[PDB]
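S.K.: Given chain CC's structure and the hints, the job is docking chain DE onto it.
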Amino acid sequence: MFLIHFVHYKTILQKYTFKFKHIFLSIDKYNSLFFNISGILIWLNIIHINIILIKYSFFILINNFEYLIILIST
Amino acid sequence: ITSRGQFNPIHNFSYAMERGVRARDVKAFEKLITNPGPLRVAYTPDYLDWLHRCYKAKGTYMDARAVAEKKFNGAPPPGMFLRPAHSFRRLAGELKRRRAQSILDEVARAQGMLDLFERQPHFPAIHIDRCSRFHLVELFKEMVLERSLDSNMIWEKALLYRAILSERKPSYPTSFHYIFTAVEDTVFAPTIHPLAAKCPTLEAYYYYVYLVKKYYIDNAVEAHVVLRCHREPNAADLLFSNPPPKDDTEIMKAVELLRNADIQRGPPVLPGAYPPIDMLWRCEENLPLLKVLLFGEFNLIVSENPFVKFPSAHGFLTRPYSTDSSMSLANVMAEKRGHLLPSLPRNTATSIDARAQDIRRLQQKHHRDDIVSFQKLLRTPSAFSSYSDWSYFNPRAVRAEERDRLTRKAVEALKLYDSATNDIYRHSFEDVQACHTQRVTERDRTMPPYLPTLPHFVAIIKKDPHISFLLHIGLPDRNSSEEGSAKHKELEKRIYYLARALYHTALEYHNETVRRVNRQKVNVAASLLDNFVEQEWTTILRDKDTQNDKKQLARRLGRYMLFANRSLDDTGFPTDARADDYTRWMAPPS
Numbered sequence: 004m005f006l007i008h009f010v011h012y013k014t015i016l017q018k019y020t021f022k023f024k025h026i027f028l029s030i031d032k033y034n035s036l037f038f039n040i041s042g043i044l045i046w047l048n049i050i051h052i053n054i055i056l057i058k059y060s061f062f063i064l065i066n067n068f069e070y071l072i073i074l075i076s077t
Numbered sequence: 033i034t035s036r037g038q039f040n041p042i043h044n045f046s047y048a049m050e051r052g053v054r055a056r057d058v059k060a061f062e063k064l065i066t067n068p069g070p071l072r073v074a075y076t077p078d079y080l081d082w083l084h085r086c087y088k089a090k091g092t093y094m095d096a097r098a099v100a101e102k103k104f105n141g142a143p144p145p146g147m148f149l150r151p152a153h154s155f156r157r158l159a160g161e162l163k164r165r166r167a168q169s170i171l172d173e174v175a176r177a178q179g180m181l182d183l184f185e186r187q188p189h190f191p192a193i194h195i196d197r198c199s200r201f202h203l204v205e206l207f208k209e210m211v212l213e214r215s216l217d218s219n220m221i222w223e224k225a226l227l228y229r230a231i232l233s234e235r236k237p238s239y240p241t242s243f244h245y246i247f248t249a250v251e252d253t254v255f256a257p258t259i278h279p280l281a282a283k284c285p286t287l288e289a290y291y292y293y294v295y296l297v298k299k300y301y302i303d304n305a306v307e308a309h310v311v312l313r314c315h316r317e318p319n320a321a322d323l324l325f326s327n328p329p330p331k332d333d334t335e336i337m338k339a340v341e342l343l344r345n346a347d348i349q350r351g395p396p397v398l399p400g401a402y403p404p405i406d407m408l409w410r411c412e413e414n415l416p417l418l419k420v421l422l423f424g425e426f427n428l429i430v431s432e433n434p435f436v437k438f439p440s441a442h443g444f445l446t447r448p449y450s451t452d453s454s461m462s463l464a465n466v467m468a469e470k471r472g473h474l475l476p477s478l479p480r481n482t483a484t485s486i487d488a489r490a491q492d493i494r495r496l497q498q499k500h501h502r503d504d505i506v507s508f509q510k511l512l513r514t521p522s523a524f525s526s527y528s529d530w531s532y533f534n535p536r537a538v539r540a541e542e543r544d545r546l547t548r549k550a551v552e553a554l555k556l557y558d559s560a561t562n563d564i565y566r567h568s569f570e571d572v573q574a575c576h577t578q579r580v581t582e583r584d585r586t587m588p589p590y591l592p593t594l595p596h597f598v599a600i601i602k603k604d605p606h607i608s609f610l611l612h613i614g615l616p617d618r619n620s621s622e623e624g625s626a627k628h629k630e631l632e633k634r635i636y637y638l639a640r641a642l643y644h645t646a647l648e649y650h651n652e653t654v655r656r657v658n659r660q661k662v663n664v665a666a667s668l669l670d671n672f673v674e675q676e677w678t679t680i681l682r683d684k696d697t698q699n700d701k702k703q704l705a706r707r708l709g710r711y712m713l714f715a716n717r718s719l720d721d722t723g724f725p726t727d728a729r730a731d732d733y734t735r736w737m738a739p740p741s
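If you're matching them up, the sequences are chains CC and DE in order.
When you line the first sequence up against PDB author numbering, it's residues 4 to 77, in that order.
When you line the second sequence up against PDB author numbering, it's residues 33 to 105, 141 to 259, 278 to 351, 395 to 454, 461 to 514, 521 to 684, 696 to 741, in that order.
The shape of chain DE in the complex, shown without the other chains:
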């Protein structure tokens, strides 16, 4: 379970605290939080604080629980009593709780890990100083490689990160210094050759330097935007930046200056092809570049909205605004209406064009205000929440579905944890003595055997002689032919729809507003089913006697009673009530 801007634990404190290892001072706690193994997770002060408080609270908790159980050698809900230990019900209950809580723990940590490699702000920097080829290659193949559709973009990503690191070098914090070792250590293929197939060209690198200098790229984020837009035919337009881009004279001059200044130590076209991807990960020669790449992804990611800096690229990277327009309406409506209908009378044509204009105006008017109001409404669980709605753009943002799977697993675990309450704890004896005074009676005091349940309705609408006939016999066989499987799928699907409709009507039957609407869903569904049945039936009879064959059997069934004109109430059975009454109950909304 997670919502936007929530903290999740990536640490397992529980294991050590069950062994009895506890921390007192803050120094001890910092010592508890630091991975020996290669990776280094930095933290914001805030997250670190939160985590600390949680740690202390868990100390107090395990402490008081243990002390309670040493005194008795949990604490019940208000009106309840503890069943004895070594009672089946209590053993089962406690078991249930153990399992549920392990699940919830794992889920918490898994969502924490998603946060960690999604680069959520409270995990500001992942440091790789201690890794060896194994760790680096693996990190690469799990994080960078697998995700990417395009191979060639990975190289670009690498060089551009190298350029950003090399150009922004002063402003980086001290903990970053190690990575620059890898930057000066990068190996390039000689200018036009054993490394030509292994490593990229220097020319390329200077193209990307040109890009960092011309568009002022400070981030992996703007990096992302630039790298997606730069090879496209509209490039100048997409990447046109709010502080306007520097003029290529100065830039190419500064690139000449860097190129030359770096020679004495030992409009540029978009670069060519690069060596096949595998080289990067499997040649020792590229190992420093690889390193940069990882460092580029796990750090170098900052909150900022790239679409303040590149306001024209917002439409391309993520979807455009619907309130933003990149014939007359009447002519469109004419095209849909076909040639078989009269053309719109030219009154209505003119009138509709008028609306089309007024709507254009409404769009233009509300475009800004809707955006503003929307973000302000998000900043204020609450109606507005999500896994990710953040104001800022995150190119590594996790897929909604990975998070939702976890959440669902955690909610199962919660319901499981809640079950066990009635196993471990019990009501007062004489309360159940009292309770057994009013017996359960079949007729009145027991819920009726027909409740709303989807198979109850599916059964009811499959119990009709015509539809039972259509399913089994009537349609050409589902396995034998293609028409068979097609017709079968559609008949089944339509039954299913009408069933869902009746079901949702039955559940909400008591409240009028919802019932009239759900009722309209029943009408639409039933109409669909009726047209299918009617058609297929006619087909059966027309299609081209012998005793007891298909057609005779069909004509014996009689007239097909339409599911539309059926009057079924809440229990899925025809009503007791007078037709005038039933009709009024189910009438459309206004």
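Extracted from the complex, chain CC is given alone in its bound form:
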């Protein structure tokens, strides 16, 4: 039987906060140092030189993977 009619209180208080980072926030990426390329030399069958900026080059990279390439002041 029913004796009464009432209004339904509830305590919805969130007072605690637990947020956990999903895994992919910590995954790696590939980051690189970046300087302005002053020049480039490519050689595979035939050598080719491109010069963007002529200055005394303070750093030089050599990379052999497919074609021989030399990145000047890179």
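The set of hints was computed from the structure by calculation and includes no laboratory data.
Idealized CB from N, CA, C, for every residue including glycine.
Worth double-checking, as some hints may not be accurate.
Derived coverage of chain DE by chain CC (criterion: at least 3 residues anywhere in the stretch with Cβ under 8 Å from a Cβ of chain CC; other residues may be distant) [unchecked claim]: (1) 575-582; (2) 585-593.
Taking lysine to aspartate or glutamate pairs in the DMTMM-like style, the calculated list, with each CA pair at most 25 Å apart, reads [what the hints assert, rightly or not]: (3) DE:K555 <-> DE:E570; (4) DE:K661 <-> DE:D732; (5) CC:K18 <-> DE:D700; (6) CC:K18 <-> DE:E648; (7) CC:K18 <-> DE:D683; (8) DE:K90 <-> DE:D78; (9) DE:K63 <-> DE:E173; (10) DE:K661 <-> DE:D604; (11) CC:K18 <-> DE:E173; (12) DE:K208 <-> DE:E541; (13) CC:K13 <-> DE:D721; (14) CC:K13 <-> DE:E173; (15) CC:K13 <-> DE:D78.
M.R.: Just chain DE now, kept in the frame of chain CC:
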């Protein structure tokens, strides 16, 4: 319930309308409104209209309610259903309504009666033509006598009313004529003797005539002002009137003329003593004078501001304006600061004197404009309301408290009337079927056993070992000695303050602005309590071993934890939160 310029019924229409007596024509209604018994209440046309309309509406109401109940052999709120008659809940509800409505009715009429003998404008004239010694004496002892502090002022009041009635005779309306019978019929004690102890002297009467003629008194109101100011050392100054008073040559001449003209029909000093008050009410001889007195109070009261006519008496009768000035500030501040502090550096002295002047200027500048703006702001419930704020001065104005008591009684009655709604009417059955689907659960779905309630906090701050010790044992006994009762009162009072503060913080906890302020109230309260406890504790320990005595018991309790440095949240319990967080929440306002 009443506000300024509200109409209230002094009639009971309900009694006759339940018997089935109803009026149709306006003549019938006028016949309904006239008291047979001695008193005659006149009305403004306006109030009379309002009352008429109300009457008609009550006719229609009782009619439609009765017709509804003859058809069924009230009308529910929108989503509701009528419980059966002869159901306990409905019987209770209806009972509640009967009682509440009787209360509201009585209150309405009581406030009407207050209006009637406070001489509100819509009750322009109370006529006494039909009264006999009983009615007159009783009216006198309830209205005039009881209220008055001073006995001797009543006589003055009487003679001055006699003088005003006698001098203003042409301008009065026809309905007043009867009262003049009583004026010519007044009995005076012979000039200097059986009536000497019973009645006042003619000399006196002519003094008051001098006053009506010299100050142009038209009213019971200006009467009131004059009668309060005239015996005082500054009299000429207080009572100096805006149209300036006539020169005493003409006046004393016209008084000579009246005195003489009234002899052939059969600077005057303020008069002497009069016979003891009782004579006035209990001697047949004074009966006409008494009559005048009553007529003087219940009529002769007009709206007008007496302080247009007597602009200098406003400060004396009612309080003066604060913007109106009747040493240097620096010297005052020096006097408060005492001799134990350095005298103000004379930079700051000079600076403060400068402010004192600028403030003087602000006062003088805003004095008029504030007054004007204030009345204009009142003429426009609304923020501005009251029992009495009226522009005009009423010497019989009712005490605010009598009206407030009624109002409070009426608001209880209203809440009672509102209760019964849920007893008489009910929700749809299946709505409560639905409602019982979500059960009440102890843990979540029920409100927590600690709500903000004053005894919850009083208990919390009395639950502390040190304060519990101070209350019971520590202080010298409350009944035994005087220091005991004194200390006890103060400890209790301080607990109480800190409790009220915590409580009001708990209620408003959610809204930031109010919470920071209430928080400052907690700080002040707790600081007071802490200083009292600390002091009394030191006293206990110093005051001049034996096993388990007072001092040992005290030293066992340890260090007293200050209520200031306590961190209690909304529920009156110490916080879950980190100290840095709690501190930030409760920080002072800016």
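S.K.: What hints, given by number in increasing order, does this structure fail?
M.R.: 3, 5, 7, 11, 14 and 15
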